[PDB]
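Q: Here is what each chain is made of, one letter per residue.
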Amino acid sequence: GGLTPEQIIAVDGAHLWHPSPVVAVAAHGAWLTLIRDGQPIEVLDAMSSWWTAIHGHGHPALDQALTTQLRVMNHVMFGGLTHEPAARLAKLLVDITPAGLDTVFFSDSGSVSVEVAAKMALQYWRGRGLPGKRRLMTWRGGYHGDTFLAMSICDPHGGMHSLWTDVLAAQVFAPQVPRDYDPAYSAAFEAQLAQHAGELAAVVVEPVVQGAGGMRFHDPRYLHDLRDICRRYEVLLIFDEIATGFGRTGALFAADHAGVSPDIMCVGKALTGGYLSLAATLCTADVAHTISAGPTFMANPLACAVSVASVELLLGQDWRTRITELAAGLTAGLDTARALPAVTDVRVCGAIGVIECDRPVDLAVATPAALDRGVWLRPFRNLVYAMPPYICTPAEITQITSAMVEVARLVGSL
Amino acid sequence: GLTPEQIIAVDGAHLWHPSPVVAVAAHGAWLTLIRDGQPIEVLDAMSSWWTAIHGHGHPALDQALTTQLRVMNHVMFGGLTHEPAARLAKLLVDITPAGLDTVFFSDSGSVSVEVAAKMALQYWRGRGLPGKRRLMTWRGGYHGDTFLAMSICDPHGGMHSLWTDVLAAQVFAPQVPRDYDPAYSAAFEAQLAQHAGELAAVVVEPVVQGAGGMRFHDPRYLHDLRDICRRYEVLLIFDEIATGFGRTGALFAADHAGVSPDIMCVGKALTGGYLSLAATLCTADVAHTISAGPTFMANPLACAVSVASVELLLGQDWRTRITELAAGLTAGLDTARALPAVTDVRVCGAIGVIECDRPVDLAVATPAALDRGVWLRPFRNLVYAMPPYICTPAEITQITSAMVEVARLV
Ligand SMILES: *Cc1c(COP(=O)(O)O)cnc(C)c1O
Ligand SMILES: *Cc1c(COP(=O)(O)O)cnc(C)c1O
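From first to last, the protein sequence lines stand for chains B and A.
Under the deposited numbering, the letters of the first sequence match residues 6 to 24, 34 to 307, 316 to 436, in that order.
Under the deposited numbering, the letters of the second sequence match residues 7 to 24, 34 to 307, 316 to 433, in that order.
It is possible that some hints are incorrect.
Stretch-level coverage of chain A by chain B, calculated; a stretch enters the list once three of its residues show a Cβ under 8 angstroms from a Cβ in chain B [unchecked claim]: (1) 88-94; (2) 147-161; (3) 351-363.
In case anyone wonders, no lab produced these hints; they're calculated from the structure.
Quick reminder that beta carbons are idealized off the backbone N, C-alpha and C, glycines included.
Looking at chain B on its own, in the form it has when it is part of the complex:
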């Protein structure tokens, strides 16, 4: 109890599993206080603590919503009891999500809300006398969580299905969806789906942006194709928006770029503004009713309360202009990366900026390089990318994009 940074890393190295780690001692706004060679430094949280900290850390409105709920009621069991934070969050979600989503199931993590989505899809078709509809279809390059079911629909090469083969469910995979719209891709997706339709419960994809699978973007028109294909072959459409939710891609939900509603949808990550774990699975009235005819901390009051505040905070400001300024800033700051020798692509979509490199990025070099520039950056595979808090000033975005450019330079450099 009460530990020194050196004591913390001594305990950590002996006893903690991680997903060499740097000790973090504070977080406020877009900034973390990290310990580097015995000294505290303030660095920009360029990753938003893995997509979560959309309003920054220790935002007064979320701090207060939390301590206000804490005064009244920490937690009650959602079996036989309901409460205001859950009712309030459900109403909000139902109002702001794509049209038709009328029903809300809370859970504790994004990976669990995906299992819940899949359970809804299976039970739906069983409710309709078609329990042969049990497999899932997706395209390559995706990520949906780390639980066994969620793994079955992650990219087979990235999620090491080979090291889990015959332990995972065999789902159907379409090729990687291209960035540019190609009607031939949609036609082939349709032709593959037609071959499995009677055994398929759902198509599940991340809309517009594929996150942990490789930070790829695809034309929102592909989602219009998916909606039509699914409606035509009687297969449910599930959108995983755990990473794309709450303004991140420039729309409130990435599905909004195509104007499509899925039958089932997952949200998480930025849901609580990065305070506490909370996820949600939504579905249509038809899905709920057909099924009709939980986790221990389901709908946690504390988590629902901070999330209520976070969503209202987003909604009560001109978030859309904010994201547009963030994207302009990322575009301007990353532009000089295009001409770097190791750089293969530079892409931006809302508050997401990616530098794709021609070789895997070395973390032992990249991490201290960015910290030297006052920026916490966490590359993966061949990608130097950022998803910064919406509160970042133009100067902060410039500081973030400079450190990314510099890491990318170093990637060619030696």
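Once you've looked at the hints, dock chain A with the ligands against the given chain B.
A: Chain A with the ligands in isolation, oriented as in the chain B frame:
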């Protein structure tokens, strides 16, 4: 803002549940519910499903949360570490069964069970034996509601016929009996022996099987499982998500047998019922053999309140406290032993169960206990409670009186 009536309307229209009663407050061992539009204080007999061991809104746990909130809410656990995670991991490694010295944090009990299965499977692969992929358990168990966890839940309770081909097919031994019979253990070893080359691990709830029927078994069964797993080279996993942190009379139910599992899951009471957090612990052997995460992994807020809650338990003599709760439950439930619908009355530490000979109508049970100032949640033929450790003798009496009465209603 919403009025209780507005909450009911929104809830009925938009919320999926495990008509619900509106809860508006929770403090100590009491909840404030709305009934007939009036707020009433009732005892949380269930501890909000095992979670609220020190009661709701405990000053020390509130302060712990608010203190961490003023310094940092959350940071990604990829590449960073922090003091809450370290303090918790050190506490957990110190207090759990000997040999468990590595901690993997997750956000729910189900996920921690999945992490345990993954550790077991990857362990044998690091041993050159990837054929060891299956899990073995006994009937009556509950391990969570994710697909992997469902595969080791009681096949009957989990409707495994209407999930056919979607769940992994695991090995099930017969229901472990309450009293100790060596033949049961000999028969478990024999079923296990047939599948040893196929089995990565045995996974059970030690001493008490919770959501699967509130059944108790002799700790000596765990001694035999430990022995059997060791001899056949199958890992032993204890799921202590419900049984942990003093609930059965020992700090961990494994302690009743004096055995250590190779992998252990904890959750529920970990944070004292404030926030969702779970942990999977494994031995050095398991960790080194494997090495040769969730978004909110090791959340500072949940880790900080857990440290407070765990220190709060250790810093009192929790062991005498649980003994008193058990005596009080036994005193208060005994009279039901001689009711016409009552099959069994059993107590294990701060857990009290009246089993009946028929399903319990909740439409009658729930309004009956509310009238007695108690929140009770019967399940199947079971009327049961696991009250906060802070309940006074008068509160236990009120709880057990309301339990005897719902049973009396047969
Ligand atoms: C509560 C329970 C679980 C599941 O935990 P969740 O947080 O609800 O996902 C797993 N195992 C046991 C023994 C449990 O009692
Ligand atoms: C992060 C992520 C998940 C998994 O969420 P966890 O809370 O880490 O379990 C699932 N789907 C997508 C798209 C994600 O980005």
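Q: Give me the numbers of the hints this structure contradicts, sorted from smallest to largest.
A: Per hint list: single violation, 3.
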